[PDB]
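Asks: Okay, here's what each chain looks like letter by letter:
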Amino acid sequence: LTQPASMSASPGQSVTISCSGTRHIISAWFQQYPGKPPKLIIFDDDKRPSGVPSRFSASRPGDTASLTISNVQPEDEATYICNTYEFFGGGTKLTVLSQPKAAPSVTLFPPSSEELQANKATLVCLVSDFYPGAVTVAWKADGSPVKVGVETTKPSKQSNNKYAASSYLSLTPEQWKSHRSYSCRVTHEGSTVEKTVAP
Amino acid sequence: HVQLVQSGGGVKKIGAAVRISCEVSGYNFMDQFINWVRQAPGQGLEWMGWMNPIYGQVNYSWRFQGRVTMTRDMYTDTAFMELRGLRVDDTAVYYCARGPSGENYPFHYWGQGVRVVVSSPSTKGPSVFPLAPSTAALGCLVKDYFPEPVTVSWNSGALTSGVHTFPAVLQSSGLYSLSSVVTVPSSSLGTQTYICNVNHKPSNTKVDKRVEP
Amino acid sequence: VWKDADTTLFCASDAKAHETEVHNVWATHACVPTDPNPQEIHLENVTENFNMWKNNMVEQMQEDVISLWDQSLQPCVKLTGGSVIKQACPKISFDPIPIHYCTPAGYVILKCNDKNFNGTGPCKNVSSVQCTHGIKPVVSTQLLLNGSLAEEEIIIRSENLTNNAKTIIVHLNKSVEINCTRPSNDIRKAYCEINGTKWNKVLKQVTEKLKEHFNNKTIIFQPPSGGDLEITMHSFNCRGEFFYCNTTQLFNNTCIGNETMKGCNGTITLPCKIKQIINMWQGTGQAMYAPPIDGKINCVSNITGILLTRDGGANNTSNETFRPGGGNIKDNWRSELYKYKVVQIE
Ligand SMILES: *[C@@H]1O[C@H](CO)[C@@H](O)[C@H](O)[C@H]1NC(C)=O
Ligand SMILES: *[C@@H]1O[C@H](CO)[C@@H](O)[C@H](O)[C@H]1NC(C)=O
Ligand SMILES: *[C@@H]1O[C@H](CO)[C@@H](O)[C@H](O)[C@H]1NC(C)=O
Ligand SMILES: *[C@@H]1O[C@H](CO)[C@@H](O)[C@H](O)[C@H]1NC(C)=O
Ligand SMILES: *[C@@H]1O[C@H](CO)[C@@H](O)[C@H](O)[C@H]1NC(C)=O
Ligand SMILES: *[C@@H]1O[C@H](CO)[C@@H](O)[C@H](O)[C@H]1NC(C)=O
Ligand SMILES: *[C@@H]1O[C@H](CO)[C@@H](O)[C@H](O)[C@H]1NC(C)=O
Ligand SMILES: *[C@@H]1O[C@H](CO)[C@@H](O)[C@H](O)[C@H]1NC(C)=O
Ligand SMILES: *[C@@H]1O[C@H](CO)[C@@H](O)[C@H](O)[C@H]1NC(C)=O
Ligand SMILES: *[C@@H]1O[C@H](CO)[C@@H](O)[C@H](O)[C@H]1NC(C)=O
Ligand SMILES: [Cl-]
Ligand SMILES: [Mg+2]
Ligand SMILES: [Mg+2]
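Residue numbers (the deposited numbering), protein chains in the order written: chain L, 3 to 8, 11 to 27, 30 to 91, 96 to 106, 106A, 107 to 208; chain H, 1 to 52, 52A, 53 to 82, 82A to 82C, 83 to 100, 100A to 100C, 101 to 127, 135 to 213; chain G, 44 to 124, 198 to 301, 325 to 355, 357 to 399, 406 to 492.
A hint or two may mislead.
Label pairs and their in silico Cβ distance ranges [unchecked claim]:
no. : chain 1 : residue 1 : chain 2 : residue 2 : range
1   : G       : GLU347    : L       : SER190    : 52 to 58 Å
2   : G       : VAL120    : L       : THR4      : 29 to 35 Å
3   : H       : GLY42     : L       : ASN169    : 21 to 27 Å
4   : H       : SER7      : G       : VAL44     : 42 to 48 Å
5   : H       : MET30     : L       : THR181    : 35 to 41 Å
DSSO-like mimics (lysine-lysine), calculated; alpha carbons at most 30 Å apart, straight line [said to hold, decoys possible]:
no. : chain 1 : residue 1 : chain 2 : residue 2
6   : G       : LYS252    : G       : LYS343
7   : L       : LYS149    : H       : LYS206
8   : H       : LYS143    : H       : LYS13
9   : L       : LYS171    : L       : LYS149
10  : L       : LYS53     : G       : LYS46
11  : L       : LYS163    : H       : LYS206
12  : L       : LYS163    : H       : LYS209
13  : G       : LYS46     : G       : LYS227
14  : H       : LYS13     : L       : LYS186
15  : L       : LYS42     : H       : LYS13
16  : L       : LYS163    : H       : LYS117
17  : H       : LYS143    : L       : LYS166
18  : H       : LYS143    : L       : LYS129
Hints were generated in silico from the structure; no laboratory data involved. The beta carbon of each residue, even a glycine, is placed where N, CA and C say it ideally should be.
Bound conformation, chain L alone:
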């Protein structure tokens, strides 16, 4: 539907995540700790089950159902999903803000000459030393983004304990030669950094 992908809020304050596009059909809200099955935490717009605190609230006055959480805690680091029948949102991965906000160190590696003579072409985009681990990666050729052959893994912890990730494209040497500009663009909570390389 219409859901943000990754928010952030320091412990103690309040945060609001809104899922839109409900088509005016009630609302449900799920908390997911990645790796395990989810757990619903409210149902029917403005009610919640047992086992959870009053820190959570929500409201569905129409097309947008909002979910408010005050007094951020360490288990509040979770992915929150809006639900409408068999419909689920993109999920918002909200995490704590220990460590200092870190801009992404971006590099790009052209295909090796061995790979060209093997009749193959792959450009490797490396993003490291950034935090939070929420980066929007796009591959772009000449003037427009292109979706074929791209594969992105989600980030993890390196030796310096913050977040780092990688992305790949798998194309033919012929088109890599034919075009004059290939760009990897990565967005780090809305700070966009780009790197472009040519044959």
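Following the hints, complete the assembly by docking chains H and G with the ligands onto the known chain L.
Replies: What follows is chains H and G with the ligands alone, placed relative to chain L:
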């Protein structure tokens, strides 16, 4: 005390099929539907269908009808789901779920999720390629290997600062690939060489690859 | 003035006590002879709220029908959970007969008289009565036979059309006859003849109704996705025989399409089989009956309603798909009990 678990996942080849069983306890199976939901790795949830165990009322999503079949067994109190003809994207975690007393939605109860890894048929050793520097971060790329993992070392393990081994990725061909990177100061290149030792144990692929601008 | 309430009901019928037919033998002791002077009182200037899907009379009926079937139909062998029951299975004469229900003192039935009332919400033309209308305890799947018709328009009823898992009832304003026959002298083979022209006409009208209710999207009808026969085929009882009928041809999406004069419009004949091994609808289990009797077996029944289930799920396209419904027969009963609600006055 509603309890309900899954015992059917695993690692499968390309295409083929897989079976998932979800047992329940705490209520009469005949009441309440069961729903199947798949979670792509690091991606939102997708509802695939549901079943009424009374006679076998099934309802499938348009993306999956013709591929998946949901079945049941009343006496053993166990629902089943079979995914015939699965691709790479079907690599996911599968959930059987139900809702409150009376009505189906929303999904108050979720089982435990089970892993399903859609693999390739062949054990394939990788192809190792350099990753030249432009301070001056460099590395090695391994392409199209199966299975996992693969070990990568740097100057026979002599160099450890600045290293990072990134998680592997299944490509559309179902073949894993990863890369490892190292930064090193710009003036050191042309003075000290760099060699990455890659060992794919299941294919017995031990190579040492140079790094030169 | 009054408060909606539920209670114990008592049935009325008019079946002859000398008949050997099972419905008559049951009703002659379960129900009271019909009131020859029934009266209904129009309630002036009152609008009343109804909910067809949460209304105890259907539950009570279902109990009455299960008692009837248990008492009357005796299978050769019954399989319950960890239980086998062997019992003689004599041939019986079977024919649904219409029955009424009535409330004792202190309790009345409010009936909505609005032509396009959809089973829920408000109704302006409301009357009060002591007894229901004649209802035939027919059991059927995907189709609603020998029932009452809609008055003004083909009516779509559902507890919520938005939910994909809630069954949808279609009420027709023009019945369609289906003529199923096992010829005399493979003794289980049979067939049903349905007039194609009327079938496709009412089908297109229903399709337009669904388009109106669903943003004019492309309506598709498909056979069921799976399950036991009792639902994947069309199950009913006629003369004590259990018929399963392949209704694949009844959801032909081209005969309603704009392909002009084609092989449609003819008498469509669908295959059917009598099975002794059935899955009981009263409760979980299996039942084995005696082989079908000799001679011509025939049933002409007026399909008056349609049971449907919508696929649903990440639509975002040009079409909505539907497949025939069935299963829970409390919905089959609701299809005729939608007009009535019991109410206390004291
Ligand atoms: C049907 O669902 C809608 C969703 O918003 C709800 O408002 C309505 O009350 C529901 N109706 C019934 C009869 O359950
Ligand atoms: C019916 O009620 C309306 C308003 O509730 C009133 O205007 C009208 O006069 C009433 N009619 C009768 C016959 O009582
Ligand atoms: C209510 O309906 C009945 C029959 O359906 C009709 O005879 C009566 O005139 C209607 N009442 C009004 C006020 O139209
Ligand atoms: C039945 O209702 C439909 C609309 O629901 C209408 O088009 C049709 O004319 C009606 N038929 C009769 C005989 O009233
Ligand atoms: C039935 O009508 C009521 C009001 O008249 C409306 O709220 C409800 O959505 C309708 N349901 C269907 C299935 O038409
Ligand atoms: C039903 O079909 C049988 C056999 O085709 C035929 O004898 C009988 O007359 C038919 N009845 C009607 C009402 O069409
Ligand atoms: C079937 O319906 C059409 C519709 O008018 C009709 O003319 C025809 O007579 C019907 N079939 C038979 C066998 O009568
Ligand atoms: C009904 O017949 C069609 C075509 O002969 C067939 O594909 C389908 O499987 C049959 N239905 C069942 C429930 O077997
Ligand atoms: C649908 O109708 C057309 C023409 O009336 C016919 O050729 C086709 O076989 C029918 N399809 C089915 C599944 O009966
Ligand atoms: C429907 O009614 C007709 C005549 O009233 C009868 O012949 C037929 O058997 C009934 N339908 C069923 C399924 O019994
Ligand atoms: Cl049989
Ligand atoms: Mg009684
Ligand atoms: Mg046999």
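Asks: For every hint, state whether the structure bears it out.
Replies: Outcome of the hint check:
1. Separated by about 54 Å at the C-beta atoms, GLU347 of chain G and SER190 of chain L satisfy the suggested range of 52 to 58 Å.
2. Evaluation of the 29 to 35 Å hint for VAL120 of chain G and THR4 of chain L yields a failure: the beta carbon distance comes to about 58 Å.
3. Taking 21 to 27 Å as the suggested C-beta distance range, the pair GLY42 of chain H and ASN169 of chain L conforms, at roughly 22 Å.
4. In this structure the hint that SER7 of chain H and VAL44 of chain G lie 42 to 48 Å apart at CB is violated, the actual value being about 58 Å.
5. For the hinted restraint 35 to 41 Å between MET30 of chain H and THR181 of chain L, the CB-CB distance of approximately 57 Å leaves it violated.
6. Between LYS252 of chain G and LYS343 of chain G, the direct Cα distance comes to roughly 28 Å. Compliance with the 30 Å bound is thereby established for this hinted pair.
7. Among the hinted pairs, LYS149 of chain L with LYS206 of chain H is inconsistent with the structure: their alpha-carbon atoms are about 35 Å apart, more than 30 Å.
8. The hinted pair formed by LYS143 of chain H and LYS13 of chain H meets the criterion: a straight-line CA distance of about 20 Å does not exceed 30 Å.
9. A hinted pair counts as satisfied when its Cα atoms are at most 30 Å apart, and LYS171 of chain L with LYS149 of chain L qualifies at roughly 27 Å.
10. A distance of roughly 29 Å separates the Cα atoms of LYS53 of chain L and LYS46 of chain G; the hinted pair therefore holds under the 30 Å criterion.
11. For a cut-off of 30 Å, the pair hint linking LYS163 of chain L to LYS206 of chain H stands: about 28 Å separates their Cα positions.
12. Taken as a hint, the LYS163 of chain L and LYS209 of chain H pair is honoured in the structure, with Cα atoms around 27 Å apart against an allowance of 30 Å.
13. A C-alpha spacing of about 15 Å is found between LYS46 of chain G and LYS227 of chain G, which places the hinted pair at or below 30 Å, so the restraint holds.
14. For a cut-off of 30 Å, the pair hint linking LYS13 of chain H to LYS186 of chain L is broken: about 35 Å separates their Cα positions.
15. Taking the CA atoms of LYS42 of chain L and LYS13 of chain H, the gap is near 24 Å; set against the 30 Å cutoff, the hint holds.
16. For the given pair, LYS163 of chain L sits about 24 Å from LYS117 of chain H by alpha-carbon distance, which is consistent with the 30 Å threshold.
17. A threshold of 30 Å between alpha carbons decides the hint, and for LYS143 of chain H with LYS166 of chain L the separation of about 23 Å falls inside it, so the pair holds.
18. Distance restraint check for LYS143 of chain H and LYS129 of chain L: the Cα-Cα separation of roughly 11 Å lies within the 30 Å cut-off, and the hinted pair is therefore satisfied.
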